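Following the hints, complete the assembly by docking chains C, W and F with the ligands onto the known chain Z.
Listed here are the chains, written in short residue letters.
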Amino acid sequence: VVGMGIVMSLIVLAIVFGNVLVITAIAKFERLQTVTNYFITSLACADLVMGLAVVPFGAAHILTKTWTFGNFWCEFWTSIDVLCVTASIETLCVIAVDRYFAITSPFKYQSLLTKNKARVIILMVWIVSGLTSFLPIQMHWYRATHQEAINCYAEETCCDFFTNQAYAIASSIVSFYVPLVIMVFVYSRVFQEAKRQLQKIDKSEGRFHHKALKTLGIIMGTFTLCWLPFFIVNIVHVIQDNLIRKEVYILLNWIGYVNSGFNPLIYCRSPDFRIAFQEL
Amino acid sequence: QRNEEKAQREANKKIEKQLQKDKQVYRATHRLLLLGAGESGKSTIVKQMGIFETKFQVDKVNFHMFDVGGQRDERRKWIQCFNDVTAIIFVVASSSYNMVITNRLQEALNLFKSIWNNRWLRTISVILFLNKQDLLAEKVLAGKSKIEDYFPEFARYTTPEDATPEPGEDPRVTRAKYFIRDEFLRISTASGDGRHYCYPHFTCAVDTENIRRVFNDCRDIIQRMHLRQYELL
Amino acid sequence: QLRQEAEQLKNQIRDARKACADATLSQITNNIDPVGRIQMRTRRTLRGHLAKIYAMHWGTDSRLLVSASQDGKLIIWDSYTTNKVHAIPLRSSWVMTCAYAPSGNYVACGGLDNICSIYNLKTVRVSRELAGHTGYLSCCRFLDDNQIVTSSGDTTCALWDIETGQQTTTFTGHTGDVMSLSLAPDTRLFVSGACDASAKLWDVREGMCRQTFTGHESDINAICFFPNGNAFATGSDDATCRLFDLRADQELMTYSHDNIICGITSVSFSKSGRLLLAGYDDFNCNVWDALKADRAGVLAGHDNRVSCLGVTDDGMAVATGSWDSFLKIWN
Amino acid sequence: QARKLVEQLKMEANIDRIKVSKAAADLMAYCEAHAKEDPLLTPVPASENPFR
Ligand SMILES: Nc1nc2c(ncn2[C@@H]2O[C@H](COP(=O)(O)OP(=O)(O)OP(=O)(O)O)[C@@H](O)[C@H]2O)c(=O)[nH]1
Ligand SMILES: CN[C@@H]1CCc2c(ccc(O)c2O)[C@H]1O
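If you read the protein sequences in the order shown, they are chains Z, C, W and F. Residues 33 to 241, 269 to 339 (UniProt numbering) are what the first sequence spells out, left to right. Residues 12 to 60, 206 to 257, 263 to 394 (UniProt numbering) are what the second sequence spells out, left to right. Residues 6 to 128, 133 to 340 (UniProt numbering) are what the third sequence spells out, left to right. Here the fourth sequence is numbered in UniProt numbering, starting from 11 and rising by one per residue.
None of these hints come from the bench; they were simulated from the model. Do not rely on the hints blindly, as some may be mistaken.
To be verified - Distance windows between CB atoms, simulated:
id	chain 1	residue 1	chain 2	residue 2	range
1	F	32	C	33	52 to 62 Å
2	Z	269	W	270	52 to 62 Å
3	W	15	C	229	21 to 31 Å
4	W	55	Z	210	38 to 48 Å
Claimed, not checked - Simulated coverage check for chain C against chain W, where a stretch passes if three residues somewhere in it have a Cβ under 8 Å from a Cβ of chain W:
id	stretch
5	25-35
6	229-242
Claimed, not checked - Keeping only pairs whose Cα atoms sit at most 30 Å apart, straight-line, the calculated DSBU-like set for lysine-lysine is:
id	chain 1	residue 1	chain 2	residue 2
7	C	274	Z	235
8	W	127	C	34
9	Z	140	C	307
10	Z	273	Z	235
Even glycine gets a Cβ: it sits at the ideal position worked out from N, Cα and C.
Same shape as in the complex, but just chain Z:
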């Protein structure tokens, strides 16, 4: 337990530093303010909120093995967890669809995406995440019914997660399983277009004269490896009881959290962004 605090103190610092740097670099310089960069700001805001108001309280609760903040703060913390996770995941699908539209139809891309439409889309995404998280949890439509659930809800010092079979399925479907297929289809089409363009170039100037695969592999693999096992066990532990332990659940959930710190290292590797970072 001595080194656990040391290792968990670095995650908060990394998340906060990366997201603060990204937000400050976007806000300070006018040349970086485009339509595409609006979604990155929302993703950074969600990751920053997760790094600030989620990781420290969870780490303290794990270390002390007791929730010393009554019963209101446990529910508020759970609502914030769900809200931040959903709002972070949906922005990746938004960005993927944006790139799909930008590459597949280049003539109509300028007219399709505007500042007002981007703002409307971001507001809709955040509203949907809030409806998924805050509305059911605070209205007590997610609690379970077994004796252990009642006992843990009664205790003020105990704050554990118990849900009914329908809520887990609905939340997993809304948060993870719907964006995944959309992103897979989008990136398949993008890879096809890139391959076609490369073939045309080679057929044109082949006599005188890998990147897409690596980029797509990074983008898909990071997200899938970070968030896939948790949303499998989230249904496994309700379908088949007495099959999933608590420590495994916590470990997979925390593996999911650290994906919020890797985001600035994937969506902000641009010469303009690097120059902006250097100027700071």
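Coordinates of chains C, W and F with the ligands only, in the frame set by chain Z:
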């Protein structure tokens, strides 16, 4: 007092609204620059489809062409203004290898090399039209003139394996056409690396497929730019 | 025959120039106190242009100014409150210069259409079109309410009559494109720098060339009179500036640095004639010392190449324009 | 065309020229005399600055 301030604010609001309205029209049009050597056929190719500008629409897309013919200086100090165009159209008469006017193709090649290697024009692609195909075929069929007299390297040149000659093409006319196209592509490929490319076409004065060719080339140009921006290409 | 006589005359001129160089400006100004450190901060930023900017001219009242952009617009600002006053749409989208009349009644324009156009502000509509040049316009300046001097790319300059649209006189002698000009304070002479690395001192009343200076090594992009009227400065694309004297008829000082390799797009003096502000291709502006040739400040608030630069008549502010479609007022 | 150039050089050859020291002294005197009324040289108080 505030009486002048209110009128100033109203005028500023009206001007800003007009500018916002005009920005949408400005951002959804494509500008093209038309260049060519002397007697190459710029006027004939533009009529079929200080300064001269034409506007045409294909597939509900707005296009806007320019033809700078008012200035005929050997140097081009006005070439730095056209550093934000979609593409450049270069027209050359490929059937003028025996006109002294160094012959004409040498001057055209030098002009193409100078345009390609320019500080401001380092991210603009070129659509290349090799005009006057029928005259080139007629010259090749006749034995009066030989290309090796003016271009010695043609003697050791051989037709590339990847070719698409039409049924009416003789083995010699195809060889000459591909020799000239390769002569241009050799200069094209050496200088740039991924930033901008060249699109060569064989054109005469009776075909009416040039608008489709420009449309497809511009679509490819924008698609490649977007692919390269995201590091997918 | 004639060529030998021309060479002999050139040698005689060169020998005559060398006999009058008793001392140097750098030697005389050794004991004067240095200007020190000068720092300028942006006060206003103007937005509204959809494309890059080439031209800008201050008003006589030191409050209004005009600007021209590639999108085909001509906007008049109010630097005190940042309020757009006018927006004139242009027939041709390729504009390269603009000017603002001394009385504020009219504004001129020109570009790649080989035509100079005058607009009546206090009537906005086109008032007169001047044609006859066979090359793109590079500059235009108002002598008074009824006269204007223009230069074009056909190696000639002309003096126009707006009322009738006729060239009163024409100036010839350059072997390259004329790139800029500037009028004397009393409006009796003017200078023009061309693309053959030479500048000449013309006479408006007579119509003849009086002096020629050939100190540079490449194209000349900018020119500006000293406030006194007995000197001027030029800026070429070889990253050098030079100060010429009319009476001594030779170069006095050179403003160059070893860390600058980019070209110069515009120059301008100050109210007292002590500072010299020059814009460069490396996205920033440098401030020199006229009597020392020592750099004394840098203005680095732009994100693209600086194309124009101007100082107000009262010497209260400096305006700059760039290719990112933004103007900035420094103080 | 050569005759015109010869005439131009002949006209330009006969011009009086003054000492470089005199011109430098005149420029220095003008700069020194008009140094007080230069808002860009000596910064102006913020009371009389219309841009701030
Ligand atoms: N026989 C034949 N002549 C052609 C063909 N294409 C172009 N031409 C020549 O083109 C000429 C028509 O004038 P343009 O092609 O516009 O030449 P231009 O007006 O001088 O154009 P620029 O030199 O670029 O300014 C005719 O006299 C033809 O000789 C062709 O396919 N067949
Ligand atoms: C306690 N951590 C929570 C538990 C369940 C859950 C999470 C995230 C998104 C969801 O849709 C969920 O249902 C996890 O972050």
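Decide if the proposed pair is consistent with the structure: residue 140/Z and residue 307/C, CA atoms, cutoff 30 Å inclusive.
Distance of about 50 Å is beyond 30 Å: violated.
Hint check: residue 274/C vs residue 235/Z, CA-CA at most 30 Å. Holds or violated?
holds (23 Å)
52 to 62 Å as the expected CB spacing between residue 33/C and residue 32/F, which holds or is violated:
This hint holds: roughly 57 Å between Cβ atoms.
Okay, residue 55/W versus residue 210/Z on CB: inside 38 to 48 Å?
Between residue 55/W and residue 210/Z, where Cβ atoms are some 40 Å apart, the hint holds.
How about the stretch 229-242 of chain C: do at least three of its residues have a C-beta closer than 8 Å to a C-beta of chain W?
holds (count 6)
Regarding residue 15/W and residue 229/C, is the given constraint of 21 to 31 Å on their beta-carbon distance met?
This hint holds: roughly 27 Å between Cβ atoms.
8 Å C-beta test of the stretch 25-35 of chain C against chain W, three or more residues:
holds (count 6)
Cβ distance range 52 to 62 Å for residue 269/Z and residue 270/W, holds or violated:
violated (37 Å)
Tell me if the straight-line CA distance from residue 127/W to residue 34/C falls inside 30 Å.
holds (27 Å)
Sort out whether residue 235/Z lies within 30 Å of residue 273/Z, counting only the CA atoms.
holds (23 Å)
The structure fails to meet hints 2, 9 from the earlier list, while all remaining hints are met.
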